[PDB]
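Visitor: The residues making up each chain are set out below.
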Amino acid sequence: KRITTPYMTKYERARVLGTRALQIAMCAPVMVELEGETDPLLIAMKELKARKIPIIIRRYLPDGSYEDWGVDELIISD
Amino acid sequence: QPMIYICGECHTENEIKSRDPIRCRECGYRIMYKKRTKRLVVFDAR
Amino acid sequence: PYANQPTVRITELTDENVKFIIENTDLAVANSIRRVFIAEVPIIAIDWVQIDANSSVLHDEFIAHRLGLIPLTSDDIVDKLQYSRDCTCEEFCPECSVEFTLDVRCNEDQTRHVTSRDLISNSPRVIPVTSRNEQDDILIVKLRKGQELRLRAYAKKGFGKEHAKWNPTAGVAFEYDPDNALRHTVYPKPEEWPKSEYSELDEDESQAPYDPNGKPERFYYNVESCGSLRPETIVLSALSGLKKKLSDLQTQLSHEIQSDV
Amino acid sequence: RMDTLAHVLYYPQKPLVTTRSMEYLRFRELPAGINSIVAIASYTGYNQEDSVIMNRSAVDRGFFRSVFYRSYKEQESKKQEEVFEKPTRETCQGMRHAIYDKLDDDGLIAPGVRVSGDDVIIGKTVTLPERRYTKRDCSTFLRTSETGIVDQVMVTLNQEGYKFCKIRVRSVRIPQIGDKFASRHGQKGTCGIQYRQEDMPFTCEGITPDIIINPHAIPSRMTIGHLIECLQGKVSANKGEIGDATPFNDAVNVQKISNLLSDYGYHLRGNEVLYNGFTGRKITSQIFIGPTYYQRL
Amino acid sequence: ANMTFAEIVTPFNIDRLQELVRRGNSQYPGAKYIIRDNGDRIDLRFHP
Amino acid sequence: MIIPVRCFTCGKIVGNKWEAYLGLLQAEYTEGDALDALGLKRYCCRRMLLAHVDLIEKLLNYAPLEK
Amino acid sequence: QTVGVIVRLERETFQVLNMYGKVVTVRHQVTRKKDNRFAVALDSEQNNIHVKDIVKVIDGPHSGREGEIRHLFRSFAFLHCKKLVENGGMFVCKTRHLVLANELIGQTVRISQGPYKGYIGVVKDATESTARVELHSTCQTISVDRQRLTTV
Amino acid sequence: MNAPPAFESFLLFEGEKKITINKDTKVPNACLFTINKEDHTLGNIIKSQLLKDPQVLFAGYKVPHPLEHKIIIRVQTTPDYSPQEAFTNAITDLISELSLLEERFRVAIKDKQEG
RNA sequence: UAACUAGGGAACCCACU
Ligand SMILES: [Zn+2]
Ligand SMILES: [Zn+2]
Ligand SMILES: [Zn+2]
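Protein sequence lines, in the order shown, are assigned to chains F, L, C, B, A, J, Z and K. For the authors' numbering, count along the first sequence from 1 and bump the result up by 49. For the authors' numbering, count along the second sequence from 1 and bump the result up by 12. The third sequence maps to residues 2 to 134, 144 to 271 in the authors' numbering. The fourth sequence maps to residues 743 to 821, 825 to 875, 885 to 1051 in the authors' numbering. For the authors' numbering, count along the fifth sequence from 1 and bump the result up by 385. For the sixth sequence, position 21 (counting from the first letter as 1) is numbered 21 according to the authors' numbering, and the numbering increases by one without interruption. The seventh sequence maps to residues 545 to 573, 575 to 646, 703 to 753 in the authors' numbering. For the eighth sequence, position 79 (counting from the first letter as 1) is numbered 79 according to the authors' numbering, and the numbering increases by one without interruption.
Source of the hints: derived by calculation from the structure; they are not laboratory data. Built from N, CA and C at the ideal position, the CB exists for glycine as well. Zero decoy hints are in this set.
Here are the computed distance ranges between Cβ atoms for each label pair:
1) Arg-408/A - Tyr-62/J: 48 to 56 Å
2) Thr-833/B - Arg-51/L: 18 to 26 Å
3) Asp-846/B - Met-388/A: 26 to 34 Å
4) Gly-224/C - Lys-62/K: 22 to 30 Å
Listed below are several chain Z residues computed to face chain A (Cβ distance under 10 Å; list not exhaustive):
5) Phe-583
6) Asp-726
7) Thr-728
8) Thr-731
9) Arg-733
Result set (DSSO-like, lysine-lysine): computed pairs, CA atoms no more than 27 Å apart in a straight line:
10) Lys-254/C - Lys-17/K
11) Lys-67/J - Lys-47/L
12) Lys-639/Z - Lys-627/Z
13) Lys-831/B - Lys-725/Z
14) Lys-831/B - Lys-29/L
15) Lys-199/C - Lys-1010/B
Work out the full structure, taking the sequences as your base and the hints as a guide.
Guide: The structure is reproduced here in structure tokens:
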């Protein structure tokens, strides 16, 4: 059972969007459709709004254990 | 090869070579100035 | 939905200024006319100086900058001249430029004043304004013995939007509503404000009563020329230039509508 | 003088509003600044928070145009021998990708030659202590971000009897956005924007300001001497005299200057009705405008 | 024109980056270097 | 150093008026009367002549380096 | 005019195997040339080969061996075999006998056409189409098409 | 160093158009007129002449940035009218007004010169 | 038949926010 917050932090937002943008710029297959968008930042934004980013966030607890959260499992701020 | 300097005191056209000392040939003044260049000097009048 | 019917009354015409009134036109038209007076009336001014010798105390950029600001007679020649960028010659040609030559050598113990008399034109009608055949000559540089200034200058066509040396006007005095009937400016104490030259009120009055239905008309002008053009020629070429800009915009807009539709 | 870091203004003017001590400071004969028609106004918001709006048409006429001088010196030494000569790729090592043809046969550039950053102005070669390359390049270039015209090249002997050269580079500095301008009252400010004469506001006589400063520069600073100098400059320029601003002078106060200004057909407090340069409509507030002394820093 | 950002070449920006390379470092909207997949650096200041 | 060709503010020609201004000043005119006699009406043109310092006459006291 | 690769380090001489198949003995003071690591060579099958590529020898005096590409020439390729004991494994083979297993710079010009017409400048840098012109009158260096430039 | 050349305020470089037409989507019968290498001198007269037209419901111009040299004129008209012909009629009225003003100024020149 | 870089330190002074 996971005890961390169900909301997805702005630091998680920043790093997930950056990692996904770097992956898309390195020709990772996009999980959403593209309406002519070219910048991998905006593609990562559209992927995050659709909760389709294939990234698991491993939140490390201070006692040493971790908790694996999917991006789709977490509440997006916007 | 032929270089002209202008003496700072008496304003004399001075043919000197290279590696010889900067010395005015008829007044002995040791400061000379280069002449204005012969290249194209064109300014817009702004 | 249609055009104005503006009227012109000229109160003073002189070789150095024109002082006229435009009535029954809009404020934007009058202000654009003033803006074309300052910025968009083409004259001939020096814009290309080749310095061959300059022994003066002033360096070459200084002399070139002073030569650019010397006004030249531009009447009925600026219309014939093309812009230098628009002309197909390699160097300058008579169809787009006027060549000037200056060669002054000071061999006397007195100071030699290099003035606009020393600017020698290759065109009989594009000459410095002070060289017209009373007033003194525009001083370029002062020379002591041993100093010289040899240069070749080319004078081309341009307007004041590019550089202020092509501005043909000295002072464009512009007024509307001299008695402040529109209250477009609000005096905190209107008693201490001096009357305008075009004011139509008595000494006891300070400003006109407020007119709620009024618009700005009856614009007052005083276009003082720098001598490069006649002031009437300044106004006529300004009206022609604003007309030409509007006509060119009409042409491009018609092409854009035709291409889009 | 081959001074390092010399700045000279083209058209310095003595102040219209001066103190009597400036006669002994010799500020009249070597002035630093220009009397400029200055309106204190909020115009387009480009003069906000210690910034000024300059007249582009004034700057085209030489207003606050200055010239910057930088002197480069270099010796040739005999220890390893250094010589002033034009380097050649077939016999020199370490030559940069610069136009060495701007140098003359003596290894020195001539006056009147246009130079840019990383341009050789003095060609110096030092011999290797021990084939393809026998001499090493030790030439001097300009500063990387500096351009200009070579103004003067002076060649002489130094104290130890070696060949010594000094090169002065002339750079003409047009006032632009970001150049620092200050009044004589601690009111410094960079140029925010430059408008042409038709874009500047204008009086009924067609006078446009050379500099527009923000009204908010005044009240927290309490430089009332700025406003009084502006008023006295208006009176002096209309009257045809030089105004006296010696501090502890009871013969000069604000009311006397105001009455003198009112005698010349202006509003006594120095306000004028300005018109918008873009629309031609007169501004609702009457703008304080007059000649005051700025310095180009 | 002095500071650069390293943009990864995708099929979505191949033409824009190609014309940026073709413009080179002399024009402002251009490019300074090409970084190949093996880390080899191609300088566009000195024309290849 | 030398009189500007044009007034900075408006652009009226003032480069031809410095020698005439000096001649009027030595003819015992006041500076205001001398400015009025030269046609300088706006104070922008008036302080071009009123505030001018002629450094060029002091520069001419030095002999040129070439002659 | 000739390149080479040293096969043995000696005290005062270099043992270098050039494109001969013969080892020469030269002094220390040879010069250094920049290697073309991006050069392209062609084998007998007209296939592209580059540096660090294993190629087989199927023709020539030493057909049957196998080598690795170190340096390239117009019609020769340098080969290495770790099992070959002569001259430290260095050898040379021909490319076709294997199989894969400006004057304007510094010149004063006049812009004779365009918006900058009449400006005098010095070309700092130039290509086949454009040129970087250092304007004499301004502090700018601008990119001008070479069809608009006239050498003066 | 970074000074733009003085001709860029009025000279179209190779590639751009003088005036572009863009339809404004949020309201009907509205267009955005982006005009290059022009300033307040032309935008103000076009704006005021469009304001004289009773079939024009909105007429405004702006310079988005004074460092660049484009104006954007926004015209909204009545549904029985279009902003394109409103712009055309405004330019035509300005041209005719300037022609009348020029010929009357010439007449006044002759009157003042001949007394 | 384009062979492709920059250079030290220690003290002081001045200016700037
Ligand atoms: Zn001598
Ligand atoms: Zn021509
Ligand atoms: Zn003036």
